[PDB]
Amino acid sequence: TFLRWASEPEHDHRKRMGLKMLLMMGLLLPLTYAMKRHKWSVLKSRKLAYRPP
Amino acid sequence: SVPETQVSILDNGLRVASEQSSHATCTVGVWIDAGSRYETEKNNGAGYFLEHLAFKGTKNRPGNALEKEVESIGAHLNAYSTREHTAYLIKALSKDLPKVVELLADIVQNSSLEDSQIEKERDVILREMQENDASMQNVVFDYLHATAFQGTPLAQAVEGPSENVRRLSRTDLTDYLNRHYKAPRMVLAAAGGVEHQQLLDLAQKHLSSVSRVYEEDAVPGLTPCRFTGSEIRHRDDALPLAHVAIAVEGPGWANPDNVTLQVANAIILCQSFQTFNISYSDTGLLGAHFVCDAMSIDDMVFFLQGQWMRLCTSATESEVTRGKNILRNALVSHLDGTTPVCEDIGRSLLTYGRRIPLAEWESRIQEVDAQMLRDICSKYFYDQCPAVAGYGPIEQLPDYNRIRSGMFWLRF
Numbered sequence: 272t273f274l275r276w277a278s279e280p281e282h283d284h285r286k287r288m289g290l291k292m293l294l295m296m297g298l299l300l301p302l303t304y305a306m307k308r309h310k311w312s313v314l315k316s317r318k319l320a321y322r323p324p
Numbered sequence: 044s045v046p047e048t049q050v051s052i053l054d055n056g057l058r059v060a061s062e063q064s065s066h067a068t069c070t071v072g073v074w075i076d077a078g079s080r081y082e083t084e085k086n087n088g089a090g091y092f093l094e095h096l097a098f099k100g101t102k103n104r105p106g107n108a109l110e111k112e113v114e115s116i117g118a119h120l121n122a123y124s125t126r127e128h129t130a131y132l133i134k135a136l137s138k139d140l141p142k143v144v145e146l147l148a149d150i151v152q153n154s155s156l157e158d159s160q161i162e163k164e165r166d167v168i169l170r171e172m173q174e175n176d177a178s179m180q181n182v183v184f185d186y187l188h189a190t191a192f193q194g195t196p197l198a199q200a201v202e203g204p205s206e207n208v209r210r211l212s213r214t215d216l217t218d219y220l221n222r223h224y225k226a227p228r229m230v231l232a233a234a235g236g237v238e239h240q241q242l243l244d245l246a247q248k249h250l251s252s253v254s255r256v257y258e259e260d261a262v263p264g265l266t267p268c269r270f271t272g273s274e275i276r277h278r279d280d281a282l283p284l285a286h287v288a289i290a291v292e293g294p295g296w297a298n299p300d301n302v303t304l305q306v307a308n309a310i311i337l338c339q340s341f342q343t344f345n346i347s348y349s350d351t352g353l354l355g356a357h358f359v360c361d362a363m364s365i366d367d368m369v370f371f372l373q374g375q376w377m378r379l380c381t382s383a384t385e386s387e388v389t390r391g392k393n394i395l396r397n398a399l400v401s402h403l404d405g406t407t408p409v410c411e412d413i414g415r416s417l418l419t420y421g422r423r424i425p426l427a428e429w430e431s432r433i434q435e436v437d438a439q440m441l442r443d444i445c446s447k448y449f450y451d452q453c454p455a456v457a458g459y460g461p462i463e464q465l466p467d468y469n470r471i472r473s474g475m476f477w478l479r480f
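Taken in sequence, the protein lines are chains Ad and Aa.
Counting along the first sequence from 1, when you hit position 22 you're at 293 in PDB author numbering, and nothing is skipped either side.
Numbered per PDB author numbering, the second sequence spans residues 44 to 311, 337 to 480.
Extracted from the complex, chain Ad is given alone in its bound form:
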């Protein structure tokens, strides 16, 4: 355990950063997906019709 700590004194600090990163990505990914699907709904509902005269 000690040698491990030695080879990575930041092990603990990092994992806290990773927990905050997972919480922030779990908040931000569906919201950015919702913004993309808003701005892409317009087209995804576009109905094309061919009306040769």
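It is possible that part of the hints are untrue.
Here are a few chain Aa residues that sit away from chain Ad, every Cβ distance over 10 angstroms (derived from the structure) [stated by the list, open to error]:
1. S64
2. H95
3. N107
4. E259
5. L265
6. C268
7. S364
8. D412
9. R415
A few chain Aa positions that, by computed beta-carbon distances, are all more than 12 angstroms from chain Ad [stated by the list, open to error]:
10. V50
11. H66
12. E94
13. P141
14. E157
15. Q180
16. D218
17. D244
18. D260
19. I311
20. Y420
Derived Cβ-Cβ restraints for the label pairs, each shown as a range [stated by the list, open to error]:
21. Ad:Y321 to Aa:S115: 52 to 62 angstroms
22. Aa:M363 to Ad:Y321: 20 to 30 angstroms
23. Ad:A305 to Aa:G264: 35 to 45 angstroms
24. Ad:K307 to Aa:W477: 17 to 27 angstroms
These are calculated hints, taken from the structure and not from any lab test.
Backbone N, C-alpha and C define an ideal beta-carbon position, used for all residues, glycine too.
Guided by the hints, dock chain Aa onto chain Ad, whose structure is given.
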């Protein structure tokens, strides 16, 4: 000093209004609260086809008898239909006032629809619809109405789908005639050299007994429409010019800030660029109809949008004063001519229920300042979803995200 518009009401319910002036060429006219908004997609061209046929043949005046009479006194006979109102009007001399009223009585009741005549008109209407497509701005405004009022009776058109026009039965027509021609929904309007008491007498004799009772109490009713922000982009690259209309939801007839919105239109690149305030009942479309070569529609859209936001954010007193002066010269009056004054009465009695005098219009114009203009413009233009209708080479016409987003200035 403008003479007041005097309104009376007959038992039937039809309102025989009038107005009087030194002029001697009166325009008598019947307005009916019946348009394509009251049609239920099975009779989508009934008002138009009755309009085309109403003049051609009445029971008392068989065949083209009416059009002869009208020729004998040298009078002019006109009719038009919108999405909400139908009008049958005659411009004549003053001394021919009785017979004209009698003629109008036949046109609204006792009319005869000759199945033969029905057929002849079918041709006329179908062919024109077949050539109506030629008029682009009409195509663009019909597209704007369709995409803005999707799923409602306000999307359809006065003309109606070709199908309904092909399939029409003397009986169907009879229904529309017997259903939407009720006496309480009718105004007999007169403008010019007419006496109100003589017109009120004539009204009863020839226009009494106008139907008022619906069948089996199938009393019509109406639906408040939805303004569905949406676009329609009829792309046809062979046309030389492109017509684009962008609108938002209007307030309606009875909402006074219309006046303020009119001033905003009076404040407002791509060839023609007219602003418009189509205002049906309980809804309307404020907006613009700009034609333009395919390479400038984009810029135009931006310019248009820019102007609007300027009116939502940075309206000054000088342009407001200019818009008020421009509006105060759109006042309709005897100098506008009878037909125009005639028409107003009919529309004023159908929509407001009364004739708004020009002094009240001037008061509502002079109470408009810059602060309430930018407040009302922010209420109706800022961050609103528009309806877009394009026809022609409209590839460089921006799609819906660029238009809508352009409606909000990141700097306010």
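| field | In rising order, the numbers of the hints this structure does not comply with | value | none
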